[PDB]
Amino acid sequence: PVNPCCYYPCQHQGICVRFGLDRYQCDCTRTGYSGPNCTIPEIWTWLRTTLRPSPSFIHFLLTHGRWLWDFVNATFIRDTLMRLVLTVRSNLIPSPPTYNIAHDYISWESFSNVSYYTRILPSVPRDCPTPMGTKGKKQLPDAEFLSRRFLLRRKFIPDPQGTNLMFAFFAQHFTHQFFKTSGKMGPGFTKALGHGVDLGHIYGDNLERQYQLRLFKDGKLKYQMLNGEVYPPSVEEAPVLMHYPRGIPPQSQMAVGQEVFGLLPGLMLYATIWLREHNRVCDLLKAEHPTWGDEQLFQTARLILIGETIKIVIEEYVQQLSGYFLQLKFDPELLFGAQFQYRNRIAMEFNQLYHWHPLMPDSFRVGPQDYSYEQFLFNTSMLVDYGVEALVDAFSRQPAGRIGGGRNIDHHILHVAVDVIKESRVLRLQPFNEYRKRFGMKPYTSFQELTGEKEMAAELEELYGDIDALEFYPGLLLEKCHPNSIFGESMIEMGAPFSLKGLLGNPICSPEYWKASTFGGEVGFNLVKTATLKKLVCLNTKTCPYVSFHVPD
């Protein structure tokens, strides 16, 4: 007998529970719907659904008018809308968390065991006819071919939003504090136990590592002086596990929070910035607190850095990414009147979603010099001899790639795209159309409606068979891209929920934490509130170069 939940019979966040031998029922409490499958709307929701404009109309409003939005930003409407954005986006995520790789149901282990990644949609059951549920062919398309035919870059398609490499390396550095898929436990498991903006990519995911990175004097982290400039210390000085090529001198090796940051100079660049920030913050804290011990100077400085990160992400990072004329604002006080759970669990969906690999260009330009992938990768010297200020200027000037649209990931890093598609099948993720339903969108009727283009659509028809068989990661990477945007609509409608939930779901945003005491007084509290990417770099360097998430134009 065929498993009923393979058809995904229930709508609007309803739960498919199997009863008896071949039967099923659906629990649709607080979904706003009624019925056996739950399609009958309630008084309130029927009014809510007919007076709702499409996600296209909202995107059109936020990205048009210059004009209307200049007024909104200069008034209280700015805060009224920001509260609404935070409210409506975050509700689309289970909190407390629901499912994981092992359990397609709510359990105590799924709540307690933080080594698991979270899961919004249940897995595609192993007793389903097709691998994507009910619709499609017996064997899924080849992971290698799809990447080679639809993802592989041929011509460099730049980002129309003016995104630079400086963003890319930030989008990698920042993202790697909550995405740490373990090689030991395998897919669906994480090492980054902080599950968000904890800075376990600066201080480390465990305490043993943290104590090694610390100088134990003035609350500062260890450092080495190269060319009269502050850099992360050598492994010979602070012995921690770092993924470096075998044979590299211990002096050249640099010790940081995240063990992967050594492989790219861009990652080690940001690791240098935050380090240089942490220590100078300790200097400002010791100025008004001479009685404070080493522990307090350290722990308070961390929270300031956590607060600065979220400020810079919300107000500057996401701002560039969204392309809104609405001036996004980091103010936790906005959620003080509403019901919000101050916790977050990192989902595998978000992991799969955040594989923005098409940012990485064909080469890496540093001023008059041009560097290849074989030259740029694993380079240990490049960080030091160029310096921070000269290297930041280089990444802030070079244009980054277009994420959406397709055919825009370099061949050197193409081996990651296939792993994502292969790992998705191991996770048994539901088809793209089912993930659109969950995030308040309409499922695509055809492959034509997905891409808008004709040629690439016909080839996807023949491979997948049905549109309801299309996979999660290819769907996002091949969705039609509205002329002057970085990616398709689904990326925003799915990404923003996870993003905003994790950024505001931080405990420092809660009423009990969001106060001057937590940050050692007014001085620390203002540092959190007035932080910008420009002040993160230039206040730490010697000369202030060009620094933004957009190219100079």
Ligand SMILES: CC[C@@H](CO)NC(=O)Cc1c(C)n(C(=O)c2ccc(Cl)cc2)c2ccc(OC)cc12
The other form holds:
Number of protein chains: 2
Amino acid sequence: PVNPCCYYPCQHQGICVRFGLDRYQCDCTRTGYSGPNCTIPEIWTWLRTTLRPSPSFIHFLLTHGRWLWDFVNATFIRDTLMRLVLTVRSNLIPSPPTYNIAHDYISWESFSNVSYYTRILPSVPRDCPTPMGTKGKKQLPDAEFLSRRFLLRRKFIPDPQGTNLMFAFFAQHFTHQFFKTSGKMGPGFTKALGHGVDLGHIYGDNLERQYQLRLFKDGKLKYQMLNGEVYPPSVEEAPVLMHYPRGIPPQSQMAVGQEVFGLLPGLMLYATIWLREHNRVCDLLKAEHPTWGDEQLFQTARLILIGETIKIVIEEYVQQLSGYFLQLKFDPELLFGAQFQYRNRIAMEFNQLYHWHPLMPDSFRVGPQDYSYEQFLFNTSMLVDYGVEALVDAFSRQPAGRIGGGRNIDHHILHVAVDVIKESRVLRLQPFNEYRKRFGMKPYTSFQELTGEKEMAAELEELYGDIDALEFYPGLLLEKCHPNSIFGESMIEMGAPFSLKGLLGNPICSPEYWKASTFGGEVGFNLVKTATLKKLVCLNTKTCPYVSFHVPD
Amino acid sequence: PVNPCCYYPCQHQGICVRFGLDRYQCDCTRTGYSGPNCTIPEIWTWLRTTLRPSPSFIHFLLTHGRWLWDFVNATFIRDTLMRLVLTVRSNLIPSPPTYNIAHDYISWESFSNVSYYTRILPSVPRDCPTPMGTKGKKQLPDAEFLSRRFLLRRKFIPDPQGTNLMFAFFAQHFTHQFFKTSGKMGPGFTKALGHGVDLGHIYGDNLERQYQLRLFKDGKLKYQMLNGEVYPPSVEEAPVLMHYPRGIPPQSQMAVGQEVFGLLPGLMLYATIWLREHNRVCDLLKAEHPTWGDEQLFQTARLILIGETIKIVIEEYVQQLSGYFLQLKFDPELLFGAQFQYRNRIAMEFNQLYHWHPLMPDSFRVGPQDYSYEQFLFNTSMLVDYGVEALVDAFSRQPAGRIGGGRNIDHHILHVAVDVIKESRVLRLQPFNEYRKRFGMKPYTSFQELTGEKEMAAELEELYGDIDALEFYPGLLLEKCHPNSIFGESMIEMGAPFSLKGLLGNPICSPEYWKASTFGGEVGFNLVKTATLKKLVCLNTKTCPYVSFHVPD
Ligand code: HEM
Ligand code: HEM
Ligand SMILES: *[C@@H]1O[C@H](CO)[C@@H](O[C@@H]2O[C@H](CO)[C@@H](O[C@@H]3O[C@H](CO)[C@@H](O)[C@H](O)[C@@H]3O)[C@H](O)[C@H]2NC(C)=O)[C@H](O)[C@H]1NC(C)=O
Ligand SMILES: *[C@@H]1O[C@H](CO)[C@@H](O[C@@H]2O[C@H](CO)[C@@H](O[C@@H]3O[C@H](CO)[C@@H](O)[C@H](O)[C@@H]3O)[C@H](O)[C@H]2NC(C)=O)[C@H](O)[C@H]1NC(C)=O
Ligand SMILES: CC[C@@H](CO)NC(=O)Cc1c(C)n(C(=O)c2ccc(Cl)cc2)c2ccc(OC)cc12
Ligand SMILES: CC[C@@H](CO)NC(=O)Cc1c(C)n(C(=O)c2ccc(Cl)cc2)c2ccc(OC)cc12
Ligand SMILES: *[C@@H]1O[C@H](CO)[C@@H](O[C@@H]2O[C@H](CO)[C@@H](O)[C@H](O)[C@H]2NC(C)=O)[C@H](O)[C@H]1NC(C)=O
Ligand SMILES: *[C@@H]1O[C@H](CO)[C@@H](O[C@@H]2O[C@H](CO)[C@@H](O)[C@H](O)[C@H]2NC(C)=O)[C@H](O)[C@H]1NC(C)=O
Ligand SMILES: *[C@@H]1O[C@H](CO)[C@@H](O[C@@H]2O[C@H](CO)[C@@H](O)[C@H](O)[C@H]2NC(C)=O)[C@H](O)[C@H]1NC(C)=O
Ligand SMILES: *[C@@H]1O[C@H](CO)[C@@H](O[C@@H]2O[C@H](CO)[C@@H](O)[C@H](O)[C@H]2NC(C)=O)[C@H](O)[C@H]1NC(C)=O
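Can you switch from the form solved without this ligand and show the form solved in complex with this ligand instead?
Below is the entire complex, every chain and molecule, led by the chain shown above.
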């Protein structure tokens, strides 16, 4: 017969389990629901559900009435909510992890083979009628067409919140620590073990590689001097696998710890920023700690930057993204009261949802100059010709695409979005609406309801046949935005839990790690605590330019 | 000058940090103490310390007055204490981990390179005057002599608590999951990634190896039929690295997942027991779940046995070891209230303290027959000639050495204890008395106080010069026992936290994992919950013999 699990009968996180020839059962353990499918609510659950406001409403409360928020921020309520935000959001993510591409059930292998992404919902069983469960047509909308029609940039739609390329690239740099999908093993698998903010894009994803980059004196990273300015070394001084155009592969060529940053100037830019940071830090340690070995100076500088990364990410990055009036606060001691696992494992759906290409503009403006994609991609010289100050200034001033809402990827990078849909189909990712459910939301009942506009709605409806069969990635980028947001409801609510668990699940946030000692004393500790995009830039430059995650005025 | 940290100035878990040319500072963050060395107690700490009874006293309460305990066990207090036991004990161990052989300071590498054991206290800095801090002679007592004199069995001292070889071997089997010290990388390093009860001694420490053992039908492990009895397959049917005497390396040769079990008959015995278990379980799954793949049947059987292992370990193993009247209880839901990290990382000191060779007897009695060490070690045929029932019966009936108290390793295996002291010295393990401190105890002020007997006391005293300089491993095995115990104060108090954190830090204990679903439903779940040494034996045999962790009457 039909695999019963193809109907996704078990609700509210209950686990579908096949029995006998053709039966199923749900595991409602700890779901707050009981009954055949986990839909009869417990005493308290039912109180919560009635008294739960909508994601939209909360969003509104947070984006409105600064008078109340200026007061809140000023008091401890800032910490009370920050804690709330941290615990309720985190909690929706399995820790320790659950599944992967091979196992649609907890297993020792899935727990211990750190080479996999995890997954939050299982796969569509291989044996289902329609390719995504029980509804839709047999064939699914042709990837290519789907993007052409709904994701291809018509005219440039700027992000309504003032988000800049200075942000965009940081977004890319940063994420590419833990998105390193494997060429050799294939989709579902990751080179970026560590699965978090390990800075394995500065330090390399392996010790052999990291060892090529280390200067081994005073625990510094290797570098080179071009125009009296510090930059990463060449592969001539640091042999190590870097994907680059063969052509000028010695000098001009650079090595960084993420084998892909050689490509776009904005990547190498941040790589330069952080390297200058690493060494600047060491300088301040060796000051304090003459007796310290090179190894210690290295490992400790690392920890500083890891901490520094997470502060900026939370208090600058996510602050800007969210457009909140609640002033976000990075402070691990907030979670010492709570029950939190200090471990992280990158999920595939996360991989899928962080494909923020729409941010990317039509061209790249550097003061008077205006560079084509053709001119910008692979530009081996652009970083060193312009100088970090002038490039930071540049990106800080140029806008970026409203991520969600649709029709907003520039045609150059459109094929990436196509491949994402292609692998989505390879990974057997469940229907969008099923993910809506798992992240607490109500599933959509129409395409018109998904994106509040008839044209795309009816056209999608015709293509997919059914809203339930609407795929995950399309779902995310086509959904209507809240008023004046970078993206819509489903992006926030599925994005948050992954992001926060990534950030706070880091061991350095742990009670065990989060001490002055661990960052070599107060100067270390306060470097983390007083971290700032503007500091990470200007402390490492001769000049201090415009540096921000939003365009001026 | 002298590295200030060689005095171990920072108390109560405060972290010594070198500053400038010759200064130090303590990191008393969250120690419950403040002041220069972390010795000025906080308001509550001071209340706890006054109101803390001695380890000895508690031990007495637990081993005495069954009338009170028969009542306690019968009520919920059994769970209240079991929880207490679990939380207070666990807590003394860093999670996430701290150091390793390379780093005497938290680092990303030490956090993420799972190839190391961790360590609870740092090393003796390389630059200290005496080889163990500031006291003792320059040279340390000659390993060989130290064992000859104090650890070599005179006459056999049986364990006063009735502990048998049936226990002894389980102890060895079990532990050798997570003690797999690496030949190639050297001391400080481990083949046994997983760092816990992963059953990587049944399933192998790698997927390539595990794949050689799997039958790949109905998710069973490969096997062979000798005398109508099931046993592990030969290397002819399962090629895979097994350390064995070259000689009869085809048939007669066996493969198991731990490359060392080929040696002693009691190891292969348990290997046989668990393999029979694995397949017996699969049989019961395939019954329920016809549609299930081979992969699922395999991963799930695993989880059952992992759970089954931990129940028996806690409720039978540690029960017997402890001689408690409080009836220990394996129940993960006990910790869902608490703040617990569901991760484990095997420490070196743990490695060091679990060298329970003294358990091993003078010879091996199998009913009428009496086998020399010469006859027992490497006996390729002994398992299959005798039959598991008759061998279980045998070990269940023969005693075992009082582990602590001294002078109790049989001369055959004495060199192991020598090597342990040798690597202790390689790993730069801190003084015994420093470990006493870190595990809450008061340091010893005399050798006479360590083992309450003048002869060994004054002789040690002369050899080591100072109690502070007394090494870790000697300390553990020479210390006086509580009345009628298998070992003394320091073994329990340093052993417990590691053991419980190993057991309960397992992901399957997690809220996220601990569901009927995860073990494929109620039959799975109850297999874990109703687990028993006696079941693990008799359900897999034609006959049911004497099977117990203690000798009869
Ligand atoms: C001009 C700038 C950019 C270019 C040229 C670009 C291009 C690409 C390419 C070629 C791929 C790989 C396609 C594949 O493997 O199928 C990719 C994937 C990806 N992109 Fe972009 N992208 C840009 C900006 C961004 C931004 C702003 C983000 C948002 C943080 C981002 C995040 C990602 C991620 C996370 C992946 C998948 C990585 C993995 O699975 O390992 N990229 N992009
Ligand atoms: C006749 C039985 C036994 C023999 C012949 C034996 C012998 C040995 C040998 C040869 C070593 C390795 C020496 C070295 O690498 O320096 C060793 C280490 C060890 N033994 Fe025993 N032993 C026996 C029983 C036990 C028992 C009852 C236990 C207690 C659980 C035990 C636990 C260990 C452990 C945990 C190690 C270190 C493993 C590692 O670092 O990987 N053994 N023993
Ligand atoms: C966990 O850490 C250990 C030890 O740090 C890593 O193993 C070791 O890796 C290094 C570099 O890969 C090897 O060092 C040697 O140094 C010279 C310096 O020029 C190098 O050129 C030589 O080729 C040589 O390999 C070392 O041999 C190797 N072995 C050990 C145990 O020291 C291990 O790779 C780490 N584990 C993981 C998975 O990262
Ligand atoms: C994590 O899991 C992956 C996938 O299970 C492991 O990689 C894969 O390992 C297997 C066995 O080592 C390879 O399978 C192939 O199967 C045939 C069957 O006879 C075997 O004889 C061939 O030699 C062949 O290798 C497979 O190639 C390999 N690659 C992948 C990604 O599938 C990986 O080893 C695991 N990671 C760790 C560290 O355990
Ligand atoms: C909808 C458009 C605007 C609102 O005007 N942006 C957001 O809501 C972005 C956002 C918030 C608020 N996240 C938090 O849940 C969050 C924000 C701040 C703190 Cl402190 C904690 C969580 C995210 C977590 C992850 C994420 O990427 C995947 C985006 C977000
Ligand atoms: C001193 C001799 C007798 C007492 O007569 N044995 C013990 O005390 C052994 C013992 C107890 C009690 N452990 C618990 O702390 C323990 C026991 C039971 C539960 Cl449920 C939890 C912890 C150990 C944890 C680990 C361990 O090996 C390293 C031994 C032990
Ligand atoms: C739980 O869900 C299952 C499957 O989704 C339900 O079975 C369906 O019953 C509904 C209404 O009673 C019908 O629409 C279908 O005929 C059934 N579908 C399938 C696939 O079997 C089941 O009724 C639910 N459990 C209960 C008892 O409410
Ligand atoms: C990559 O960028 C570099 C430097 O940014 C380009 O060289 C400059 O281009 C501008 C206008 O495009 C001109 O003024 C000059 O030809 C160059 N700079 C000056 C003032 O000398 C280069 O052409 C680009 N290469 C690629 C890959 O397109
Ligand atoms: C903390 O410990 C250090 C070092 O162990 C103390 O320094 C010692 O002071 C004691 C008594 O005052 C003397 O025995 C030694 O002369 C000192 N030893 C060393 C190695 O310096 C220090 O006094 C303690 N901190 C305080 C202020 O109580
Ligand atoms: C290993 O053990 C086997 C079987 O347990 C030994 O063979 C038996 O030894 C007993 C007495 O030692 C004798 O009755 C026989 O010689 C054997 N069994 C019978 C009844 O046939 C064997 O000698 C041992 N080998 C080693 C490694 O010493």
